[PDB]
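Chain by chain, the residues run as shown.
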Amino acid sequence: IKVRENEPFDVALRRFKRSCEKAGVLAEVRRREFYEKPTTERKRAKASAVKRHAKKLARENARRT
Amino acid sequence: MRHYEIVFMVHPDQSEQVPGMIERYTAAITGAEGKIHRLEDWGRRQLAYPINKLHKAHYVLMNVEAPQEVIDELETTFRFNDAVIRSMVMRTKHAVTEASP
Amino acid sequence: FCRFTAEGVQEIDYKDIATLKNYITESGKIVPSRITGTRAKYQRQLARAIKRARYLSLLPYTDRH
Amino acid sequence: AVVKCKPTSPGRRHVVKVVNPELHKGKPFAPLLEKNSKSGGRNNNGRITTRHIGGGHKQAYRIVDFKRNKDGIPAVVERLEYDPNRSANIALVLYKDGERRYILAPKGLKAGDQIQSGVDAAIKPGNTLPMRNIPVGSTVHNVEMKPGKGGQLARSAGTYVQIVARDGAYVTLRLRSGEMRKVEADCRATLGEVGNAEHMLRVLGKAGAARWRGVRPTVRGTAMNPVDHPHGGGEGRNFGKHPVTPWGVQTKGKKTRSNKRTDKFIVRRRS
Amino acid sequence: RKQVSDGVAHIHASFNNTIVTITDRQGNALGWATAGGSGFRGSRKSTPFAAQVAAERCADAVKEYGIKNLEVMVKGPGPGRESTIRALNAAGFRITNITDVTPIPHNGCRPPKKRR
Amino acid sequence: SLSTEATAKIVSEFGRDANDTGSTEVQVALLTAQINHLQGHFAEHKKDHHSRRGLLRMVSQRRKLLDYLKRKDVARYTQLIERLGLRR
RNA sequence: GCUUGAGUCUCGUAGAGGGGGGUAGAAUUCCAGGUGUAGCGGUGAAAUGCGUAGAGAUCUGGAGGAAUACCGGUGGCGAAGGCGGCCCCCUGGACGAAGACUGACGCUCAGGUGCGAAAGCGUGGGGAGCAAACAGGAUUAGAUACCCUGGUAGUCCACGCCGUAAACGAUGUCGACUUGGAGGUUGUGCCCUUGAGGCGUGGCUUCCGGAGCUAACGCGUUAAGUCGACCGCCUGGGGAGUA
RNA sequence: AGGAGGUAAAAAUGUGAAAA
Numbered sequence: 004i005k006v007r008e009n010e011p012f013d014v015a016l017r018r019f020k021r022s023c024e025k026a027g028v029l030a031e032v033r034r035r036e037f038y039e040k041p042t043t044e045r046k047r048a049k050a051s052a053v054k055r056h057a058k059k060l061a062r063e064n065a066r067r068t
Numbered sequence: 001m002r003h004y005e006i007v008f009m010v011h012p013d014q015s016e017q018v019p020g021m022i023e024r025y026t027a028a029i030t031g032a033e034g035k036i037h038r039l040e041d042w043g044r045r046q047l048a049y050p051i052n053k054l055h056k057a058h059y060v061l062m063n064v065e066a067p068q069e070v071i072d073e074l075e076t077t078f079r080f081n082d083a084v085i086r087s088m089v090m091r092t093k094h095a096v097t098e099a100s101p
Numbered sequence: 010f011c012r013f014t015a016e017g018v019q020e021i022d023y024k025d026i027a028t029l030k031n032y033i034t035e036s037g038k039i040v041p042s043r044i045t046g047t048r049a050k051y052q053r054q055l056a057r058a059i060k061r062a063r064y065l066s067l068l069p070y071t072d073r074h
Numbered sequence: 002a003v004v005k006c007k008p009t010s011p012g013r014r015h016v017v018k019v020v021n022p023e024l025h026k027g028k029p030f031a032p033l034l035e036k037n038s039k040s041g042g043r044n045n046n047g048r049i050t051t052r053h054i055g056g057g058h059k060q061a062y063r064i065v066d067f068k069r070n071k072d073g074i075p076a077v078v079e080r081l082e083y084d085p086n087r088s089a090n091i092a093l094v095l096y097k098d099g100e101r102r103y104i105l106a107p108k109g110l111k112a113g114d115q116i117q118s119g120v121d122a123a124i125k126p127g128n129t130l131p132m133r134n135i136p137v138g139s140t141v142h143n144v145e146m147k148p149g150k151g152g153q154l155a156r157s158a159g160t161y162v163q164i165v166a167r168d169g170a171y172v173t174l175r176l177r178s179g180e181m182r183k184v185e186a187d188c189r190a191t192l193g194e195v196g197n198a199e200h201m202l203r204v205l206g207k208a209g210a211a212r213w214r215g216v217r218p219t220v221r222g223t224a225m226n227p228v229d230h231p232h233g234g235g236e237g238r239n240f241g242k243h244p245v246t247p248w249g250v251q252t253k254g255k256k257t258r259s260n261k262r263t264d265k266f267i268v269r270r271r272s
Numbered sequence: 013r014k015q016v017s018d019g020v021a022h023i024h025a026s027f028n029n030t031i032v033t034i035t036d037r038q039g040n041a042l043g044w045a046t047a048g049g050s051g052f053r054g055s056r057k058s059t060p061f062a063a064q065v066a067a068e069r070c071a072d073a074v075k076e077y078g079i080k081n082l083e084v085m086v087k088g089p090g091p092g093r094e095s096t097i098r099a100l101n102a103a104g105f106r107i108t109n110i111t112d113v114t115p116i117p118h119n120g121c122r123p124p125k126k127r128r
Numbered sequence: 002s003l004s005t006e007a008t009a010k011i012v013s014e015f016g017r018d019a020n021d022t023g024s025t026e027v028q029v030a031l032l033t034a035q036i037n038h039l040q041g042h043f044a045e046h047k048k049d050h051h052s053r054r055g056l057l058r059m060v061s062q063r064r065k066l067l068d069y070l071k072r073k074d075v076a077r078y079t080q081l082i083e084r085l086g087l088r089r
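Chains as they are written, first to last, in full-length UniProt numbering: chain A, 4 to 68; chain B, 1 to 101; chain C, 10 to 74; chain D, 2 to 272; chain E, 13 to 128; chain F, 2 to 89.
It is worth saying that the hints were derived from the structure and are not from the lab. Treat the hints with care, as some may be off.
[Unchecked claim] Cross-link-like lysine-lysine pairs, in silico, DSSO-like; alpha carbons within 30 Å at most: (1) D/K26 with D/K59; (2) A/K46 with C/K24; (3) A/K54 with C/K24; (4) B/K93 with C/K50; (5) D/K7 with D/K36; (6) C/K38 with A/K20; (7) C/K50 with A/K49; (8) C/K30 with B/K93; (9) A/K5 with E/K87; (10) E/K126 with A/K49; (11) C/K38 with B/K93; (12) D/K18 with F/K48; (13) A/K54 with C/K50; (14) D/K59 with D/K256; (15) E/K80 with A/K5; (16) B/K56 with A/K5; (17) C/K50 with B/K56; (18) B/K56 with C/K60.
Generate coordinates for the entire structure from the input sequences, incorporating the hints supplied.
So this is what it looks like as structure tokens:
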């Protein structure tokens, strides 16, 4: 938001820009909000994270090591 | 007679004559048995953002114990003066007589 | 993760802004539970505390004025 | 309040009368009652200047005082009273000195109430004080234009005026028409909205209701003859022309605001 | 021309164009140039490189105003968004600081429903 | 919301004391006071159905109560309804 | 008659639960002005549109309508619909502790009554953004659609009707019995809190699975398992949830 | 391990025949 990084950055050097929103408030409220799909899609996206967690507990077992 | 917490902000000009209002607002509660708990006047401290104009308003706290009607007459009176801006209140939760700064 | 008011009982307020700044970023956004490691009970107790500093000009809604 | 009458007879069907039991039923106050002779829409020359006016029930002029010159004196609301002349309602009030006087009825006004005009009054509806002593953002009625004329604006039934700003010796008002108008800040105004906003709901039901209010029938211009209206004549009601007044002036979109003296006070036009 | 060292390069980036304007510290405009003013059209108007050509063009005719240092007010996303600022440094200036203003609506508006 | 001190004396007023608080008669009274006090909450607001569902919850339970009291003691049930005033 | 069913009272917890009244910031649109020039916005590629009056861009101030960024979490409340910036008032119901008492007042239900997304309709206001119908330009073979520029109803508030949804955990309501693991969430027992602990206890909620069950899928102690009670409902696909 | 910015303008139909 308010960057100086005075002398030694030369371009941006803004990891904070990609840690505040980066597309957050912006790219999400551009258009197509649907008012109810976010409730369902995020639960489906979180269910994919259950599958990402399902990988972990069956991992580090044999895996030809 | 329930515990409230009137924290408001005073405009810079009348911030130089703020205590007489505090003398007046506390005069309201002694008639209705207002058991005052704190009197945390921070002083004319800095605002985080300009409230429609220049910042640095005066901060006054009450932490008063008043009835619902008495807290209503106090709050509505603040609405008509341009000195006192953004007054609020709070529920009791047995507010302790501590924590000034 | 560290200690909280789960055993060390404390009535939460909004004045101790140092405690507030540990849970708000520089842009002034409330930090979620996944980073605070707190119970949502005390976080909602702190969420009301955030609006008090936001409304009374102790903290800004948007950091760029 | 709003009450629809029964369909017992054709002419009693669409009638909706707006009753008010708070209106004092009885003879009005004598010394504040003057006689107002009708005119039938005729002037000193005897010709008819304004048409469609004449007849109706006899009316007595209620001497109201919208001037509100008595200051500091707390007035006691005697009773609410009906006024044949005004769309709003009058209210007989009694000042502390012991003088009875009719004023308009503000929206929030009850029997036995207390109000006072003057620079040292509250912000209670019914009080009247100079606009520089009034907080901006308020809602007032009975507004003057000259400081001492008496009050010309926002006196209809259920009306008001929003106070917009205060720039020095001026106050910008957002009028009921949608016009922003600067006025002198030294003028006075009565707080609140005017009583009887339900007057709008009242429908007359029949033609006799119009006649006893004193309004004669209006003849359609296309029904007249070419010698009497610019419309008229024709066989199959063929219009062919543009809408005009009977004296040959284009209606339907002719901005005839030609004052130039008070034009410097209009901020925005009505939409 | 006032011949002052200060400048404020407002950068309006969009998904179809990148328009840069060099105003002053008060906001009084001095000169502007766009991605389209450099010849680029349609798809080619919205490229990170065309945004750089714009800042090279805004660097023209501001030296008459003696502009030495400038601060960037970048507003809106798009192709360039950070690259055109390098063209303000490729032209060579005294970049003191950069403020990135973001539109932060708290849902008071309603976005459209297009783009199937 | 039927404050405690109101409930404090009425059970002792209608029953043996505050400790005999499970009887039918003391239950009839507390419902009636809560019902009547909430009339003003429904004299205003005219749309508070969630709270209004709470109001209708009590009288249905009270309907079984007076019916149970009739079934238990004919005279005492009529003793209560002439003391409270209801049933139409 | 008694009391574990059920219920009242006692001290606490939680919460977008509901209604009304205020109130703040950002964004958006409009308006006046300073400035400042030929492009601007848009797309898959454009064009319509807008602009040399002087737009867009940008700064200054004012004005309104609408929704509450982050917080926010297979988090929570509510019968369901559904409900979230903040503060105050009024107010419903649920859960936990162990006591005092009532003494089966219990469960459910045809009919009945009430609630009931959105859209739509009636009266009166509001009206920024968005946007059916619609208008223009495009895509195309044609586009009456998808695409973009605008744009009315409506969407927003009040009082009313309407009473229908994939109103759906697609699974009725109530009570009892019947291996576990793994987490979140809220009271609380108890011990050495002697460390973000240890061994329990109930309510709610998430996932994987045992016997059993099933056409299979899968449910699987909030079971589609083992039983009892009452209620509603189905009899091939249409025709038709129409006459 | 853990999270995300970016990556499909257009393009219709085959109707009628038999499987130990």
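Hints, verified against the model:
no., hint, result
1, D/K26 with D/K59, "holds (18 Å)"
2, A/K46 with C/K24, "violated (37 Å)"
3, A/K54 with C/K24, "violated (43 Å)"
4, B/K93 with C/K50, "holds (16 Å)"
5, D/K7 with D/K36, "violated (36 Å)"
6, C/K38 with A/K20, "holds (14 Å)"
7, C/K50 with A/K49, "holds (23 Å)"
8, C/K30 with B/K93, "holds (24 Å)"
9, A/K5 with E/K87, "holds (13 Å)"
10, E/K126 with A/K49, "holds (27 Å)"
11, C/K38 with B/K93, "holds (27 Å)"
12, D/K18 with F/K48, "holds (28 Å)"
13, A/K54 with C/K50, "holds (29 Å)"
14, D/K59 with D/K256, "violated (37 Å)"
15, E/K80 with A/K5, "holds (21 Å)"
16, B/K56 with A/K5, "holds (22 Å)"
17, C/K50 with B/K56, "violated (34 Å)"
18, B/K56 with C/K60, "holds (19 Å)"
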